[PDB]
Structure formats: C-alpha cells, structure tokens
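Enquirer: Residue-level listing of the chains:
Number of protein chains: 8
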Amino acid sequence: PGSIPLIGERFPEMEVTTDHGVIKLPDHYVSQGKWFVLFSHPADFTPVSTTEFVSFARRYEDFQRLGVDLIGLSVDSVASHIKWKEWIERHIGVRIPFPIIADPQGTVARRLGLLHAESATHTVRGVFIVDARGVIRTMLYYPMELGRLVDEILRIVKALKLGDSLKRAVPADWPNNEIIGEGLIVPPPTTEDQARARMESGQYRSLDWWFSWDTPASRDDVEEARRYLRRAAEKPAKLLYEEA
Amino acid sequence: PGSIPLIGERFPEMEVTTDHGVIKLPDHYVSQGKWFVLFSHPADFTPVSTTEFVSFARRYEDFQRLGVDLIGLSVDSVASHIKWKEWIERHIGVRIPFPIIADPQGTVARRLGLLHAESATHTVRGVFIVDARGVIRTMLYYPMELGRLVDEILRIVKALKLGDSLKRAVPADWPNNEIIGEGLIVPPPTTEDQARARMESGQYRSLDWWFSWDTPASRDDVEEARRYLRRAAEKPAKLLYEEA
Amino acid sequence: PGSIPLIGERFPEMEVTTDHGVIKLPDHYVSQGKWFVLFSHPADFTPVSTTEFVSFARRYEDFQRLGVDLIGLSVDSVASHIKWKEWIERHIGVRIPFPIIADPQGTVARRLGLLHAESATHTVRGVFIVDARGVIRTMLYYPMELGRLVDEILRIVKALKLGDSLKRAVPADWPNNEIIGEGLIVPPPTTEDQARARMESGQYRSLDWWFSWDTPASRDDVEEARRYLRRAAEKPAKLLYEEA
Amino acid sequence: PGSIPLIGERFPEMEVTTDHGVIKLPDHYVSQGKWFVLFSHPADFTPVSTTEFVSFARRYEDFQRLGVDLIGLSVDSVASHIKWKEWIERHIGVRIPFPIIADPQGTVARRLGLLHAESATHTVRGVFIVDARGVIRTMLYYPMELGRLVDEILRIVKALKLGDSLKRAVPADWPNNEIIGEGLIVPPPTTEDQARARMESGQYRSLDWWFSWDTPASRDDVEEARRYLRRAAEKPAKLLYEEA
Amino acid sequence: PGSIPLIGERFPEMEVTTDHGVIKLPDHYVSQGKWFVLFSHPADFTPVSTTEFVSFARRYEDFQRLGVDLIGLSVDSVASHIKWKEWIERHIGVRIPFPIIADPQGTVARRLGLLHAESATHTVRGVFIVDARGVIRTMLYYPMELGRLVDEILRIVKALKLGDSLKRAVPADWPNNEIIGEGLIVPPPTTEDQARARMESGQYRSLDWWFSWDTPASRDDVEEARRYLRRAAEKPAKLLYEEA
Amino acid sequence: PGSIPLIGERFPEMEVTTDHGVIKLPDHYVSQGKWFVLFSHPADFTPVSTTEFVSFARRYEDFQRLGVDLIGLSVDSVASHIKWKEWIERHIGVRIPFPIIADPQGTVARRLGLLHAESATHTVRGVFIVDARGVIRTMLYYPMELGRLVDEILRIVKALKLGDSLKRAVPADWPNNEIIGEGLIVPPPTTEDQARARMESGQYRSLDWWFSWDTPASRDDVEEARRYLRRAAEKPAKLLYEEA
Amino acid sequence: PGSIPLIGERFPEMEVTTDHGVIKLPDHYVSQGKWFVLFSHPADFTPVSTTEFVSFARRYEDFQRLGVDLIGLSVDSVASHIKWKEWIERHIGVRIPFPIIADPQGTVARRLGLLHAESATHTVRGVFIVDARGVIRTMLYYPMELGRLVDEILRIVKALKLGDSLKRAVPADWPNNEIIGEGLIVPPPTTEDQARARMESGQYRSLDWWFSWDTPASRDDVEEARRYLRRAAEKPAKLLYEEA
Amino acid sequence: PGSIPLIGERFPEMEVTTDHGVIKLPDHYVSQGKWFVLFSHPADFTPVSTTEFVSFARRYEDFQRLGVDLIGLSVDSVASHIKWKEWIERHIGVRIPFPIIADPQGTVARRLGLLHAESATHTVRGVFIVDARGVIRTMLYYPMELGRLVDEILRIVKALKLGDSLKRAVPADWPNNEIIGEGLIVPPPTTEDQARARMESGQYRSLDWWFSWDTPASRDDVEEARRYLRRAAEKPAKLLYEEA
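Residue numbers (UniProt numbering), protein chains in the order written: chain A, 2 to 245; chain B, 2 to 245; chain C, 2 to 245; chain D, 2 to 245; chain E, 2 to 245; chain F, 2 to 245; chain G, 2 to 245; chain H, 2 to 245.
Chain A with its partners taken away, still in its complex shape:
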C-alpha cells in the first residue's frame, strides 16, 4: 500500500534543498564519481535520530575512504536542520559534516515511499545505497523505534564495490561466511554447456556446477570489511554522554 524506487532503477531525478544548498540527485554525486547513502529520520530534535547522526558522523572517514557521500532527509525545514546540527556539535561535541534534505511538504518522502503506516507525517528510517552510475543497489526501511546499525551500511558498500570490481557474488555474512569464509562466488552457469565446462575446468573450488568460489579479495579488503563488524560488536571504550 505504498510505492518505492526499485533496486536496479536509476535514483529518481529531483532538485532538493539541503542545509548546504540546492542540489540535483543523483547527478551531484554521479558527476563526482561518488556513491551516496541517502537516509531519512522522522524529525529533528528526536533522540534515536540524533544517535544515528552521531554514528554516521564518527564513521565519516570510513565512508570517505569507500568514495561514499552521505545525505540526510526529514520533513523539517533548513532552519531546524542548522539549529539541530549546532545542538549536536555543542552538546555531544561531534560535528555533522554532511547535508540534510529539508522536505516540508513531504514531496521527496512521497517520491521515495518513506511515509509508512507508522506515521502519516514523518518519514521512517529509510536507507538508499546508490552507486556512482546513480543506480539503487540496496534499500533498508527501519522503523521509528529502532536505530540503524551503521557498520552494516559500510559492509554493504564495501561488499557491493568488491562484487562489481572482481565480478563476483558475495555470500551471507561475508567475510565471515560459514561455508566459504572470505570466499566470493562465481556467477553460476546459465546453460547445459557452461555447467559441463565448469565441472571439467578445475579452475574453481566447487560444491556443484552452480556453486563455485575463489578468494580474489585482498587480505586488506577482507580485514577492512571485518573491522566494520568488529566495531559494531565492541562495547564502546568511553560513552560520549559522560563528557557532555
């Protein structure tokens, strides 16, 4: 009972107003050869949303390294965005370096299907992962009551970029897959002839003609991907509330 963009579709053409200026999506990021993560939050001056902005902000360098820009979205106006980012910097001591789209008539929210039954007026916690051709690669929709795991967004972009560069599919829980560990999967044969040639070539470890894998990711790519999940699993060293 609501309409969304689809994986494999170009991100919808739109002019949006941010607290950094007016930009065209997705062209502004395509032009720079950058991926972007567009994520939404119900409203400014809400606590879960503030935790999520701080989490994105502390991982900013990790996104920069992957060649990924971040852009937020809520139904609030630019002035609230500026006051809210100023509060976070002053009260939590973390600067929010990325822009937030101001969507007061919910024009962007409706276009991206971010108004769910949980609220008629405020956007759910949507995530659009968009590559440097402007194509939607992955979408997540978290609810109002539950913050995102930002390290999984890093792992998705890392794995997707590795998949594209090595021409491989990525197993469940990569790089900690229980069957093939850090293995990456060769796209299966699509014909009788290709299945026979694959089962005869010896080129790849195989469980069957449709299930072949090798280990072409560098130790560095594998350990970078693992470090995202290690950070997600670590009890924080010192809580930001104690000095605030």
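The set of hints was computed from the structure by calculation and includes no laboratory data.
For each residue, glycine too, the CB sits at the ideal point set by N, CA and C.
Honestly, I wouldn't trust all of these hints.
[Stated by the list, open to error] Computed spacing ranges between beta-carbons, pair by pair:
| no. | chain 1 | residue 1 | chain 2 | residue 2 | range |
| --- | --- | --- | --- | --- | --- |
| 1 | D | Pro217 | B | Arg231 | 58 to 66 Å |
| 2 | H | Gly94 | G | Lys236 | 43 to 51 Å |
| 3 | F | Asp215 | D | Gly9 | 34 to 42 Å |
| 4 | A | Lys84 | B | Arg197 | 49 to 57 Å |
| 5 | E | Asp221 | D | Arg111 | 50 to 58 Å |
| 6 | B | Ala118 | G | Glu14 | 56 to 64 Å |
| 7 | G | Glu14 | H | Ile83 | 57 to 65 Å |
| 8 | H | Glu14 | G | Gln65 | 42 to 50 Å |
[Said to hold, decoys possible] Not close to chain E: a few residues of chain C, all C-beta gaps over 10 Å, as computed:
| no. | residue |
| --- | --- |
| 9 | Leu7 |
| 10 | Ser32 |
| 11 | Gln33 |
| 12 | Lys35 |
| 13 | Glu87 |
| 14 | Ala133 |
| 15 | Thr191 |
| 16 | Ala196 |
| 17 | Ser207 |
| 18 | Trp211 |
| 19 | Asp215 |
| 20 | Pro217 |
| 21 | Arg232 |
| 22 | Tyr242 |
[Unchecked claim] Taking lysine-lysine pairs in the DSBU-like style, the calculated list, with each CA pair at most 35 Å apart, reads:
| no. | chain 1 | residue 1 | chain 2 | residue 2 |
| --- | --- | --- | --- | --- |
| 23 | D | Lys236 | D | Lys25 |
| 24 | A | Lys236 | A | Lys25 |
| 25 | F | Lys162 | E | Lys236 |
| 26 | A | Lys236 | B | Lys162 |
| 27 | G | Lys25 | E | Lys168 |
| 28 | A | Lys168 | A | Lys239 |
| 29 | H | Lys236 | G | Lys35 |
| 30 | C | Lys162 | C | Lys25 |
| 31 | D | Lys162 | D | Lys239 |
| 32 | C | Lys239 | D | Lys25 |
| 33 | H | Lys25 | G | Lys236 |
For chain A, the structure is supplied; the task is to place chains B, C, D, E, F, G and H on it using the hints.
Expert: Below, chains B, C, D, E, F, G and H alone, put in the same frame as chain A:
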C-alpha cells in the same frame, strides 16, 4: 517504481503453498503468538541463496528462543524446494528446518513488491520482520549479488521486542551505542507541560527535554544482543566446505 | 475463459530463456528451415512429465528425420531444468538433448494460454506444432493426470508435411483409413465448373465430386507413419525401471 | 489469438439444436451419468470430415462400452446434416448413429474457440472430452487438412477413467510406457514429511520420493487400451471404397 | 430493432464467396453494366426455397433480357449449395444458372439486416434490387412460411428502368392503373412558378398542377410488363412434379 | 444504413394521431382481433401516392373480407390529410375510407425505419403487414418513383392466413406454383426419426423427406388468391380520369 | 426548457426549401441588403394561421417600402403550402406573395426552438426579425390560440432602422411616448467625464445626465409609424369574408 | 445558444428578492388567482427602461381590471431599485406601484434565458405573460435599443382571457381582423366525422370545415381591447417632460 506493504501495516492476508503445506499469513504465526521473518531469494540451486539458508539454519535456535519463526520465498515450485533442501543437507550437512513458499506465478512476489528492476522473473532478497500481532516492523531489500547479514536480523527482532516490553526506543548500534551504550531511550515528551515535567523530575539521565534514557535491559538481554554481533564479527573456526 | 494462439497464425514473436541460452521464437527455427514442437509440462521433478521427456528423447532421431526440433516449457527456472535433466540421465540412463524454456512469471504460459482451471500456477500439457514458416499447424491440451502419446505427435507432423508436399488432405487414421487406407484426398472443388470438370475427368477415384483421392505417398512415407503407430501399440521388450 | 474453454472448467452451459432434437450441454449427458466427446468439422459434404464420421461410427460400440456419448458440430443446418448422413449410409454403407449440432451463426463455434486463422467461417477439428460431472478433461485442435486419430480419443477416455477410479496419474504412452509399462503413477508427495514417509514405507516401486508407481489396472483394462492402439497400427483388412 | 441498408444508398462494399467463386459486391455487377437482384433464403434443402429457386430459374432469361443478374444467399456452405442445385437439376429437371452466396457466420446477413425475430440463425426471404450504379432501389422482406411472387420483381425492375429513362414516376398497379392505365406521371412542380406554368402550358393531361401524366412507354415495354402479370395470374399448363 | 422493426417482432408500442382520432398501435387492431396493413407515402397531394390510395380504396372490400384494416402514414398534418382525401373524393369520385397517421416530426417514420437516403424528410413507400396478435409478418420498401402492386399485398395476407390455418408453407407464386400449382408445403422434418417416419408414411406427395405437399386449401381460397393476380394483370375496362 | 437563437447572434446558417425554391439563410437576404421577418405557424389549413398570412399579405408593400422581406415556416410540405396559398387566393381573394419554408422533419423548428410545451409536433407562432447583416434583432413567441398584431412587427422594424440610422434608442410606445412623444433617446454617457460634459453642453433636452433626447426622425418616418398603429386601432370598413 | 422556458410550461419554481420583499414564483400570484407579466430591463437609471416603467405604471389600473400583476427584473440590487423608483416619482411625477426583482448574479436571468449575445452582463427586454394557473402563455424578447408597446401586452392578456372563457382562438389583429373583424374562431375539427358534421350543422359562419367563427365576445370586451390599440395610436395630449 513499484508498490510494497508498509511498516505499521498488518501483513497482507494470503494463503501460500510451502514445502510444509498450505498456510495463511499472517494468521498461522499470529495464532501461535510468534513473530516471523519472511525472506525471499531469487531461485533454488543458487549459491548466495544457499549460503543464506545455511546462515538462517545455523541461527535457527537463536530465532526460536526469541519466539521467531522463519519462512522462505522464491518463484520455484515445492518439488524444487524439497530437492534443494535435500542437496544442502546431503552436501553441506545442514537440515533446513523451516518452510519455503512456492510462488510460481509471482503472485506473492508482486503482492510484497519483491520484483525489482534487477530481475523481471526472480525476487530480490527481501526481508519482512512481522510481530505476533501480524504487523510489519521492518523491511530490508538486498540485491541478487549480495547475501544478507543474518545476525542484524536477530539484532532487529531482539531490540524491537525489548523496545515493546520496556516501552523504549533503541539507539543506533544498540547495544554498543557511542553516546549511551546499552541505554534505551525514553519516548520524548509531545507537549510543553510534558517537556517541563521531564526537565524538572530528575527521573532519567538527559541531554535535553527530548533526549532522556535509562538502562532497563537485563544483563542477559544485552549479552544475547552482543553475542549476535560478536558472531557476525568472528572468522568461523571451521568452514563447512572442508567437511565434504 | 482463457485465450490461445490459433491454427494458421504465426507463432507469437517472443524471446525466451532456455537451458541452452536465449532464443527468438519462431525465428530461431524458421532461419534453419525447421519445424518445432513446443510442449509444456507443469513442473520439473514430476513423474508423468519425466515419462514424457523420456518418450520424446527416445523418439529424438524420428523427429530429426522429419526436420523437427523439440522445445519444452515449464514455470521452473533454468537451474531446476539442468538438475532435472541431470537426474533423468543419471537414474533412467536417457539423455534429454533438447532445450526447456524457463518461464517463472508465466509470461510465456499466459501468451500461449497454457494456464487452465486445473492449476492457477502450473501449465497443462500443451503441444504447439509449428511449421518452417513459423505457422501454428496443430495444438493439443492434455491435462496434469494424463501423459501424451508422442507417436501421435510424429504422425501429425509426418502427415502435415506429406499434405503440404503432395497438395493433399489426410483422412482419419491415415495411413490405416477404413475407406481409402493409405489414400490421400484431393482438395474438393469450390465451384460448379470445378465440380463438373472433376466428375467428368476420371483423373481420380471418387465417391462424389467432393470426395476424390489417389495414392501419391511413397511406400517409405506410408510405412514410417505406420511404424510410429506400431511402436505406440507394442508392449516394450524391457522396461527402463528394470535397468535402474 | 482467440478465447477457449479450459481444462477443469465446466463445459459452458448452452442449448443446441442437433439432427436428433434440441438439448442442453452438458446437462443432457451429466443427467445420464455419461461422458461425451464433442468434436467439430468444417462443413458437411467434405471428404476428411466424412472419413472421421465413419471412423467414429466404427468405434461407436467402443465409446458406448466406456459410457461415452459422441456429438458432432459444424456451422451447417440440420437439413444438410440429415442429407450428408443419408449420403454416408447410402454411399459408404455406414450409418452415423450419433447427433451433429447445427451452428449456423457460429454461436457455439465462438463460445468454444473453434474459429482459427485457417478459416474465418468454418470450425477446425476440435475435440472436447467432457466427464460425467460436465468438466472438460482434454481438448485437441486438429486443422482442416488433417483427420484425427480416433483411437487416441478412446485411449484418453480409457486412461482418464482409470486415473479417476484408481486415484493415479497415467504415464506417457500408457499402457506401453518405456519406463513402467502398464504402471500407473502415485500422486507425488506435496510436503517434506510426506516425501520422507513415502521413501520409508516400501509400499510402492520408486525411482525417487516424487516418482512412485504400482500396477492396479485389471488385465481387461490394459488389454482394452492396447486393442485401441493395435487397431490404429494395423492396415484395415477390407477398404469400404471397394463395394461402393 | 435490426439495422438495414437503405433505398438510395450504394449496396455496402463486400467480398462474398459463391458456388461460382469470390466476388466483390456491388462491383462485380456494376463492372458489367448490370442490375442485380440479391435474394436470401433460410437454408438449402428447404421446400419453399426450392420452389423460389425454380421460379427464378424459369424467369432467368426475362431477367437477362432486362440486363439484370440474380444472386442468392443463405447461411449454408458452398458444398451444400452445389449438392442442393444438383438435387434440383436431377429431381425437378431445372438447372439453377445463377450463383448462391455462402454466409456461414452470418456476416453478410447481419450487414443486410436479414436476421429477423422469426429465426436467430436463418435469413428471412429478403430481396435487394440494385441498379447498374450499385444503388439499392427497392427492398422486400418475405417471411419463412411464404414464397415470393417473382413476376412482381420483374415488374419492379422494368418499371424503375422505364421511370429512369423516361424521367417519370410509375403509378400504382402499372401498367394497369385504374386512374391512368399505362400512363406515367410527370414529376410534380416544386414551386409556385412551376405549378402556374404547368397549369398554363396544356402540355400534359392533368387532374391538378401536381398530377400530370402522358403515355410515353412503347407498346412493347407495356406488353412486356403485362406478360409478367399474366404469367403470375395464369394456372400453369403442366406441373413439374408430374414430369419429375 | 438505418434501423427497422423485424418480422416476428410485435409492432412497436406507439400512440398515433390519424384523421379518425388518436389510437395505440397495434392494440387498436389486436383489441378488435383484426390484421392491419400500415403503409407510408412521401406527402399529401403527390400523384403516385394518390394512385395508391385509390388502388387501396378500390380493394377495400377485399381487405375487409380477409379481416384486414388499412392505415396510411405520412409526415403531413391531419388538416392536409382531410383536404387531400376530400380532393380525391371530389376529383376522382373515390372515397378513402381508412385513416392516415399524421407524423410531422417523423417520430413514427424513424421508429419504423421509413426515412431512406432518397429523402431525409419524407418516408419511402413502406408496407407493414401485421396479424391479429400484433406481430409483423412481412415488410416491403418501395421507393418514391414506383407505386405498389396492391393485389400482391392481398395475396400475401391471404396466403399467410391460409398457412396459419392449415399449418402449411406457401410455395413461390402460389396459387400458380410451377412445381405443385395450388399445393401447399408440409413443414419439413427437423430430426432423423421424423425424416424416416415421413419417407415411410406416404400420407403426402413427396420429392424427398424435406419436400412434401398436399392440396388442403378450399377451391374458394385458391380462386380468391388467383382473382387478385388476375385483377393485377387485367387492362382496366374504364380509366377513372375519363369518368373524372 | 428548450434552446433558442439569441438577440445579437447571426441567424443560424441553414439551407431551407420553400415554395419558391432552395435558399440559404440569412445569406439570401443579406446579399440583397434586405431585412427579413421569419415567422412560423403550426400548420397549413388552420384558421388563425390563415388570418395572419392575409394580415402579412395586406401589409406586404409596407414591408417592401422598409426593405423587409417575409418568409413563413411550418412542418408542412411544399405541396400543402402551394395548395393552401391557392385556397387563400381563391376563397379570400388575397394572393400570398411571400415564400413559406417546408420543414417536415422539424429540423428548422428545433434549430430555432419553435417547439414549445403546447405542441410536440407543430411550431408556435415565432417571429425572428433579422437585419441586413443577418443579425437577430427581436424575437416574439405567440401561442397557438392567439394571432399576432402584424402592425407591431412593422413598428419594431421601422423603429430599429431609425435607431440604427440616427444612432438613437427608441422610447416605450414610440412614436407616441408619453414622456418625449416622437423623441428618440441619446445613448447615455458611459463615464464620469461624459456625464459631466453632457450636463454642461446644453446640446439636448434632458431629465438627467443619463436621460437626453432630441427629435431627429423625419415627419415622413413618424407619420408611417403612426399609420401602422392607426391601422391596428381602426375597425375595418369592409370584412373580406363578406367580399368572398 | 441560450435555453428558455417554453409556452405551455409552468413558470419555473423560484424564490426571488424584490424591493417589496422575497416572493416565490409563480405560487405568489397563483395563490391570489392572478395572472402576472414578468418583464426585464438591462439596468436602472437607463432612459428606455425609464420610459417603459412609466408606460406600465400609467397602464396599471388597466392591468388590475384584467387581474394581472406586474413584476420587473434587472441585475441591479434592491437599493438601486428603490433609488431609481424614487427618481421616477420625484422627476417624472409617476409612482411605480409594482415590485422589481434584484438579480445581481443573473441567477433568475439565466433560468429565464434573458442574457442574449447583445450583452453578456445585462438582460434584454423579456416579457413572460403567465396565467392564474402559473402557465407561460406568451414570451417577447425586445432588444436594448427598442422600447416595448405596452398596449400590445394588454391586448394579449385580454385576447387570451377571452379565448380561454369562450373556448375560441383569436384571429390576427383582433378585434380588427380584416377577414372576420371582431369574430373569434371555433377550434377546427380534428377528424373526418367532425369535419363533415361541422360542414352540415349551419351553426357557424364558415369559409371551409377548418375555418368557422362567431361573435360571442361582449361589445364591452371588444371596445376595451380596441381602446388599448387606440391609446397606442394616439399622439399624446401633453408630454410628461414639460411637467418635469
């Protein structure tokens, strides 16, 4: 674009055929007081899909301890589902204990908006997290080329059940939030009088009238959630490909 | 209350995916000067469907003598086609040399009217006999519970090619017709002048101006068509289940 | 294309005029506990159609023994039907005992989808096999130029009646299937529990959990069916044209 | 409650199949400088229809002398047309020289409004008199139960051609009109001035300015028309059933 | 084209104004159990129309002997009808005893399809022969330029009433049919059993099972019909224009 | 209600048939510089209508002197018009010199809105006063039971023509207006500046800035207008019925 | 263009505001057994409209003698109506006793078809003469530039009232008709029988069966109607502008 069910809507009433029999969604799970994760995969005898079924099966008791049932979906017929599950048990040594929906005309797929531009004929890797009242709580759309992180699905269900039980919102990266750690958020005041009373009462740690939290989750609640993320982060000691 | 292509119509233009690759119908066969028989079955790993695939396979050389190619169709995906053909070769000892169309959204099933009331999701046992101009010559619709008589499909193609080459119509039960045996029927006069000319010429055996025939089929043609029927009538020497 | 009735549908309700009187289909046969074969031919005083009427008449007692009534169909009027059947009895020495529907405006032809691209005005050679509950079980569409094999129509009815009676599916080319001969197939299991139970039980010969069979058809049932096919295969002893 | 062509309209353009070949109406007759009488009959091998075909055949030479051709029409096929005309030649001793249209799907009948409430499936006894410009000049609709008076069709054609060449209207019962006998009527004045000039001229016998006549038809034209009516009135010298 | 009522339909329910008063058709004549002939003419004070009114008036006793009432129709008003009937009585010496419908807006004309392409404003010379049940039995459409043969209207009513009262069909040109003279046709058999019973019986003179006749009409019936045609064929003894 | 043309619109473009010929309105009069009065009457040989035609005829030269032509209209045909005009000349001794439109399908009547609730089939007594540019200037609708005052139609046309020529409005009851007698009204000022200038100029007799008049109509124009009204008021010396 | 109500229709039901208050039409007058004349004028403070109001007011007692009330209409509001009537009494010396409808949005004007092409904003000079049953009897449409002849409106009511009470039609120019003078016309016969009875009764003076009259109006009634026309034709004794 394309049309989906939404967060906060009841899962659409539908009768589906599984390799376990015919069932009505969501009633089959609601009538048992169980949550269910419905997840889709493009086709049987595909390699990423196999790794994901084995990750789900490995985490099956973790799901059951939460009162969460699993149910798969592809456009394959039940005979293929039975052959594929027999192949996994025989070649990987892992029984798939949960059912798979057979959706040969894409009826269920079209209803849950699981056909994206990547494939006209096979579902993407959708995830629907549905509570024991039959309400959609969270939705994930992974693409063909990228397997899911199943421990994030366990983290979502655990955190949602804690939120429901303790009347709290869950911060980013819980239970390892950089600001408040394993802290849970008190839903913010919605009026001037509630805001004033909150800032006067001294009942909760606060950064402002709209950002209050406490630590009401049991040690075992927190450790269960940390265990899911530690498993996501750890390289497995034994790869299952090496058993065959 | 369902729609079909019709005898005398060109086979609908369509791209289909098979376990041999992607082909245009009917162009792929028209370009080789070949007839094709497109037949459908409900699902892979079904027993009647297996018997019919083995029946087609054993008669493969008979279809190649007539210049006919075979092409199957079900709603199953390519991977299941490949595992099912592998299963037939391994357990029955019979190679299936011809392709199977994979039709998971029933796009082809709906174009050809192969979804009947017996199943909303699986095709009935359709047979389209298509000549080397890509024209539909004969259509059969067998149900789920009843396998085809493949020797009748051979007799239909042989008789059609014979009618086409000799400019003749083919009587009931040819070449064992009770009135004229292996005789072929001259197309009847369509005018008073033609009717009178026919009745006066004595060129043909006649029962009346509208019922004339001769015996222009070679003894090879007659005996090859009769051999199809003798094979259909004979108790097999040895059942394939015995050596398997 | 053009619309047709479908396998598993009730034969469309209709009153028809035949050279025996006015009847309601399918009720006239359902109320007698009888199956019927409705078949069509392009026009009266056509030679292929004449050969088929004589083939049906010769097999009339075989159809009566199965509890099957025959009813023909063309766009001609009753008076042509009567003159043509008199011509057949007088000139071929064969009485046509069964009625022919007269369908001059093509009302019945359009309802049954019997007008194909080959003729705008005359029906092709359709066959509708309808059980004693008024349900369409099988449909054949033969073209103008090609007479039917009437013994296949007996084998279809015989096979269908055994399938219904013994709760079995019928293999390819029964009762001469190359894999199981006169064997009939047990409906395959539809669930994991049913598949495991079938393969533990040892009640039936099997090639796999989905492919079980036994030989419950009487000697008399099998010999009746082989007799239809033997007659199809054997050159007739005396041709009717001779004494004419 | 049925739609017809109209007097003064061109006969609707159409391709029809006859027992003489395929022709375009009205072009086939216009090309030859001919009028035609198209007449319909319910079905072949019907007795009133047989009496009409014999009456038309007996008057055929009279039609030809007038530059008029005859064409029949029923919902029967060409093969029935040919058998029926042969039956008439053989049993009545009268050759039917003119073609019959075969209209099995009632395309022609429906275009011409020949399907009345008396029969849903068979044409009434319609008559279309069409001149050499292909314009409909007169239309008669006789029922199933009542044969036509063919001599009145001859009188109508003769009187129209006389009216056309002589620029005259034809009185009731011409050439035996009770007021003016074989007189023909001068088209009445359409203005006061023409009325006054008519009354003043004394050029014609008149009863009033609107009722003038003269006698410009030749003795031969008048004798020809009286012959049609004397033939209609006289009991035949010998009955064709006696000679049969 | 245009629209008409049809043979076998009840005459359309309508209230009409005549120079005798306002009546319901066909109720006014049904309610007296009388047949009626409704006939149309273009306009009052037109010469052909005048000749037809005089012809109908001369035959008024013959119509009354058959229990048939006459009613005219034109687009003129009642005052013009009355002045035109007075002019006929005054100048031709013949009283018009039957009413004329006044149809100034062409309401009746459009309902009976009497406006053809010869005139957008004036009716052609339509004839509707309606029985005592209000059923249309025969329809004639003569053009502006050609007066009707009123004796053929008498022959039609006479033969229709004979057909109704004897259960017979009436051959072409009755009672001067070339094959059977004054003979009347027995409705043909409609079934195989009736056809055989008819051929075994010898109750009737027969040419075949479908062509039987007897002579059940009284001499008075036959001679009255022949009288109408003899009157049509007779040179008038004395022209009314001379008598004036 | 019903649709009418309006004062200030061009008379609807139409071709009409009269007892003088076929003409186009309003072109036929515009091309002559003529005004026309089109008037309707319910039917020919009606007494009020006859009185109006004689009244128009008696004033024909008064209309001609003003450059106004007359044209009548009824749903009668031309022959009835000619006969009715003949009757008036012969029985009343007055020639009707002007044409009457014949409108048998009420095409003109419907276009001019002349069918009111008093009669569904006959026009009321409409009057369209049309100027030499073809523009409707005035419309009167008298009922069936009331003849027009033809001298008021002369007053209207005379007054409209003086107003056009002298650029003046015509007071109530001109030329015997109780306030200003034969005075004509100056079109009132339309601005504050024009009002002041008119009150200052002393150029006209005035009651206020909006009520100014002068006496620019000739003695001859005034006496003609008074002659029309004097004639309307005068009891005729001799009645035409007594000279009949 | 432009819809109006019609002669023979009930005046449309409406609530209207006047300078005397709110009244329902036509009920307000039907209740009192009174005719009314509703008339319209373009605008208050316009010269021709002022002359008409004065003419109506001078003839007020003549209207009251006939039991006719007067009601005006313009698109002006009540205040302009009161100021304008006040101006007429003060400057011309004539009290306006009847109400004026205020129609500022042209609601009443559109309902009565009073907006013609001559002004999109101001009403033409419409007159509805409505009888005591509330039926529209006559309608006049005078233009902006031309005042009405109010004595003709008196003549119409008088003649209509006379015709109703005496059951007579009124000749042109009554009571000064040039054929029958003050005679009134008997409604013509509508049937042949009625026409003959009228022609033989000698009861009325006649010119033909359709034109009969007598002199049943009182001498008072005739002279009162003639007075109205004498007043219209009289050069006024003294002009009101001199007594300004």
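Enquirer: So, for every hint listed, does it hold in this structure?
Expert: Against the structure, the hints:
no.	hint	in the structure
1	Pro217(D) with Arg231(B): 58 to 66 Å	holds, 60 Å
2	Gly94(H) with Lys236(G): 43 to 51 Å	violated, 34 Å
3	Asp215(F) with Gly9(D): 34 to 42 Å	violated, 54 Å
4	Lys84(A) with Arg197(B): 49 to 57 Å	violated, 20 Å
5	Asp221(E) with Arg111(D): 50 to 58 Å	holds, 54 Å
6	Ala118(B) with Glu14(G): 56 to 64 Å	holds, 59 Å
7	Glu14(G) with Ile83(H): 57 to 65 Å	violated, 46 Å
8	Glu14(H) with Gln65(G): 42 to 50 Å	holds, 46 Å
9	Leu7	holds, 15 Å
10	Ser32	holds, 34 Å
11	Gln33	holds, 36 Å
12	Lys35	holds, 34 Å
13	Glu87	holds, 52 Å
14	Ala133	holds, 28 Å
15	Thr191	violated, 6 Å
16	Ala196	violated, 5 Å
17	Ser207	holds, 14 Å
18	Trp211	violated, 6 Å
19	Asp215	holds, 20 Å
20	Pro217	holds, 23 Å
21	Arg232	holds, 37 Å
22	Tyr242	holds, 52 Å
23	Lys236(D) with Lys25(D)	violated, 39 Å
24	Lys236(A) with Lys25(A)	violated, 39 Å
25	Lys162(F) with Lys236(E)	holds, 21 Å
26	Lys236(A) with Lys162(B)	holds, 21 Å
27	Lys25(G) with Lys168(E)	holds, 28 Å
28	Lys168(A) with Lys239(A)	violated, 41 Å
29	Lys236(H) with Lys35(G)	holds, 30 Å
30	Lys162(C) with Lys25(C)	holds, 23 Å
31	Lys162(D) with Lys239(D)	holds, 32 Å
32	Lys239(C) with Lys25(D)	violated, 48 Å
33	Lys25(H) with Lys236(G)	violated, 42 Å
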